[PDB]
Amino acid sequence: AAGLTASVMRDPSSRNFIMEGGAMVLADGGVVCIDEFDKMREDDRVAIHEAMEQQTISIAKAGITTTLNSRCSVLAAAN
Amino acid sequence: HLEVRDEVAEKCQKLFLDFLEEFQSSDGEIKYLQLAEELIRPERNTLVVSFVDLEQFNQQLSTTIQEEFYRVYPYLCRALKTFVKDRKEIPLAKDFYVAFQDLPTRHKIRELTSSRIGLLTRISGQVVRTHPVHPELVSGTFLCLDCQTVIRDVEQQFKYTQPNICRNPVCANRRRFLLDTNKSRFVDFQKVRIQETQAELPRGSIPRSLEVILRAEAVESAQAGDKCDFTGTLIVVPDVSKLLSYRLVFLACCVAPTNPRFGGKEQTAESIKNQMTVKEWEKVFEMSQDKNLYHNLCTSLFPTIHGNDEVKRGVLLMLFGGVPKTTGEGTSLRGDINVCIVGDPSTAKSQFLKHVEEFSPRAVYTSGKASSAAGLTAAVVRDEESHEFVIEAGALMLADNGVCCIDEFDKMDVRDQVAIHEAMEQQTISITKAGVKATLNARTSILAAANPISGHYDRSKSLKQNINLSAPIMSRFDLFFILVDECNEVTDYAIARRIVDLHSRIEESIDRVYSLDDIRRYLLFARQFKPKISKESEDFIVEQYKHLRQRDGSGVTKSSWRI
Amino acid sequence: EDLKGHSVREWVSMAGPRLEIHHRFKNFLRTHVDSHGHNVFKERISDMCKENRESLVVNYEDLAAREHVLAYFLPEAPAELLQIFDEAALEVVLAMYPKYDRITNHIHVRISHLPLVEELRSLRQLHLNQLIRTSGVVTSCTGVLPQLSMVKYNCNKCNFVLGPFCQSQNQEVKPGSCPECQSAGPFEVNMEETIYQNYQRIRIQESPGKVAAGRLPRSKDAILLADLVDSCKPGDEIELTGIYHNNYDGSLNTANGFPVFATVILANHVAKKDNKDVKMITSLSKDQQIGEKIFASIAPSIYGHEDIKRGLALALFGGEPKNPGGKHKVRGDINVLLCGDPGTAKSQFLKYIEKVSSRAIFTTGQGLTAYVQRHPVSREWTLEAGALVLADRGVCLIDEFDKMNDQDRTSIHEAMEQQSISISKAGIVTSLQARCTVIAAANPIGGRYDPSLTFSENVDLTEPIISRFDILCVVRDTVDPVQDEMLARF
Amino acid sequence: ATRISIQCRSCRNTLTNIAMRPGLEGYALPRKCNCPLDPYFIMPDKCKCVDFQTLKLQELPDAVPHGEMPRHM
DNA sequence: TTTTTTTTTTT
Ligand SMILES: Nc1ncnc2c1ncn2[C@@H]1O[C@H](COP(=O)(O)OP(=O)(O)OP(O)(O)=S)[C@@H](O)[C@H]1O
Ligand SMILES: Nc1ncnc2c1ncn2[C@@H]1O[C@H](COP(=O)(O)OP(=O)(O)O)[C@@H](O)[C@H]1O
Ligand SMILES: [Mg+2]
Ligand SMILES: [Zn+2]
Ligand SMILES: [Zn+2]
Ligand SMILES: [Zn+2]
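Residue numbers (our numbering), protein chains in the order written: chain A, 1 to 79; chain B, 1 to 563; chain C, 1 to 490; chain D, 1 to 73.
FYI, nobody ran anything at the bench for these hints, they're computed from the structure. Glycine included, C-beta positions come from ideal geometry on N, C-alpha and C.
To be clear about the criterion: a stretch of chain C counts as covered by chain B if any three or more of its residues have a C-beta under 8 Å from a C-beta of chain B, and this derived list gives those stretches:
| id | stretch |
| --- | --- |
| 1 | 209 to 217 |
| 2 | 339 to 351 |
| 3 | 480 to 490 |
Based on the sequences and whatever the hints tell you, model everything.
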């Protein structure tokens, strides 16, 4: 869908970029389960790496400079 | 107190009423008393008087029509309501319309100055749009409100016009009348837009356009993509929002095709074999009986192209067309064949396409780099006047049942080659947009010319690697003509000779039989048969399909775009 | 004489001819047997009253047979003959069922198949105010709005209700000055005594391939009143029968520059034209060998593939959508996914299942969910149904599965294992239902399926999607001499 | 507003205690002060008010005749 | 608050 971490997408109405907090910002203290750890989008995998590193997601792009606290638990399954 | 005799109008009405009865054809037998016969059965209300005969019978009159055609039109129609009372079965409040034709002298959409308003002209152009048909109020019957009387016969002029005087000395509302609508007089009204024809465009100019207004039984003669020839009067029209600003409008009365392929009057073999003039029919027969015909149409259609004898044949078989069938379930088999050309630079590709598009009638020509998706197939446009989204016809539609010539087919974008495949497959065009839902027919045959990837055609690869079309499209053609410039020398003498001949004897050295006008006739005739298959031919066909698959068989050789 | 020298509209409006017509219709209603000695309008009125329907059908041909003069008066001035026939059928029913006054106290007579079927582009000004029968697809429908029928205002200075004016569908009704306090002013309606009636507007347009031969398809408006509303949905093929009524519009006059009026069909009878005992089926099912006999009944033309015939037949009837007692929600839909090189009648397998099945829809993959749309008629920004909610119980035929977009792919998988969609769109947050069986066909990469790799490679599809399909048929090809004749000959 | 009170503009005449009708229906301010044509305005200080929401009700899923999108009120 | 065409910044 939108992704795991946040994205910056060109809104049809605004014609400008908006911020999409994905799953790891909606899970507050909860737990996130993942499968096929090589299928996730390259950008998305980079961002999940940083999110498990720092425990927050901070995108600095076209018109977006915000921070979202990621507080969840990763239960990953590899292949 | 009483009204004034518009003498120049009534004298003309009288002389026209006389002409209608006195003028007779080659064998006595007054002709405007038999064409005016069918004028009684419902839905017919226009008599078509030729203008050259009104020149024979009289000449002090023609110069009154052709100079006051708007003053004296409301009278040349009453003088047809009296001449037709001799039938007694017409509803007494029905009204008729005179429609001229065959004017001597033509004009151009750029010669329509403002010194022409109110006269009788004649115009030729294409047709771009066609709005829907409407009723229009010509003479309202205002039911008075306080008197309960009926104010009657009030003429509108581009507005509702609300006549405000009553013949009753006690009319409490000289500003209020509820008109009825079951006695008033309506006439149909269609408004189309025409665009300057091709052969008149001054070089380096964008074509102009004007509004014509068909207003009678003539209301759906012109359709989009046609090349009709209108004959009416130029009028001025106000801006009714503030009733100033005026704008020109053509008010056509008759409309007819510009060059009839059969000059009788304008759909099977007999309906057409009737209009065939004696020489026409003794020539078409002669050709149909001709042997080696299949080699005198090539030599007579493309007279300035040395060689490629296997491409002209395909182009011909594309022009004649196959048999279109409809399966009982509701589907439909494609009837016409599509053809693509692919070759080295300067091998006469665009010349086949230009030949076909200048010969054939109703065949359109487009390049690939300067087109669109919504321009080929069909568009959606917001008419703010009606403030609605309506459908605009595209190049694949205003060439219907003809040929669409696409040059440089592989320059089109990735998304513009998709809309064309969606049409080439189902022979239709779907539209699903703002407020529009429709399915349109498209039975065109496509003739496309393309270029191999990286200039030259490499003869060690399949086709799919030499051209950048999609995968589905390359399946919907089923005739390819790969041209190559084999570096030879006996040809490089022949082509040289032919080109220098053509350039030295500009209009001669072209000795084709079957002049181009004649082939159009033969091709409009022979395109109305539906040949069948005999059992022996069916056996032959299945055997040939057997003998074609196995050539592609494994081991010995290889070919491109597998069978 | 029932025909004198006046206008047909004004002949019937006179008291004499009115009463004559009134009494003439009763004698036909009461006494009309049809080839068996059955008073058809005795059993038919009954079957109407056993349902509380207040709508009576009058086949036109029999009216012409038993009545020579009315069936010629009718399509000339039908705004009054269809009013007189109402009061006739009333007094008939209130005699066959004297208590029916407690059910709607008003009867409308429809009329079935006038002999003058017509096109939708050939309506000219000759037909203003004349009964008409046409045909064509319907492409819109507003909601069933209530319209005033017998309005009744109340004065603001006297607490007295004005006269019960009737509402005509061309001009807002205009009350005069209060006959009790002469307080001419802006009155307001009185919601308690006013009578209302249903209302719906549709836009009919020419059938796709019927008459639209070499031109664009025209359209028209229609107005369905009380009993008729919701007789047809966008996509249906109907055949109206209604007065062709015009009315003045001020906008068209300001666009075309000439006095031009709008037209609309006040529909009077809507009869759809679409697709709608066991004792044989007992032994036919008890043949014990109905399998072979049914397999070669689907795929009627396309030769071969008695393999995939089996799977698709399995899919068509379906299975059993049992509800597990452990709250696990197993699904009862069979989803199929064809695949194979181009030229093997996949698309035909889709199109024939479009026909044989019922309530089926269709789409290509090159609209899947409900989306906000500005209505053609109502001009409001409503929500319109997609392409997975129109198969909420039937089948969904997807074509060009590969050409789907990322949003389309992330939206298709949700409905497989959940069969339920949420829409938190600009319109409003809803959660609707979608129970459909998916029948799609993908393509092989490289223009040919090559069975060295697994199928999960030549399909070019996301891996957790193929799991959401039950059957995986692979169409393939080979140069085979003995079948070349078999397919060619066919 | 449930119990509203108005006032003239020029002569400053009041006509108070006016009661609105419930539901979604407004009110027709006089034009005959007893002063120019419509001299009446609302006095915001004296008007009793009550809350009101506006929901949107969709029909149950198992009662749609299954060809279309459910209707709402 | 919808198409369609054309230019320039952005993921
Ligand atoms: N076989 C031929 N016989 C006679 N004239 C020829 C022949 N081949 C080429 N010509 C002439 O050479 C020119 C060919 O140019 P075109 O046919 O317009 O270009 P083309 O074949 O479309 O190639 P490109 O890809 O578009 S440059 C024309 O002037 C032709 O008259
Ligand atoms: N075995 C067959 N029997 C009958 N028709 C066939 C057969 N194989 C191919 N066809 C023809 O091929 C067409 C189907 O092509 P299609 O499968 O739609 O191509 P694609 O899969 O590339 O869209 C049909 O219209 C049919 O006429
Ligand atoms: Mg070229
Ligand atoms: Zn008067
Ligand atoms: Zn009053
Ligand atoms: Zn005052």
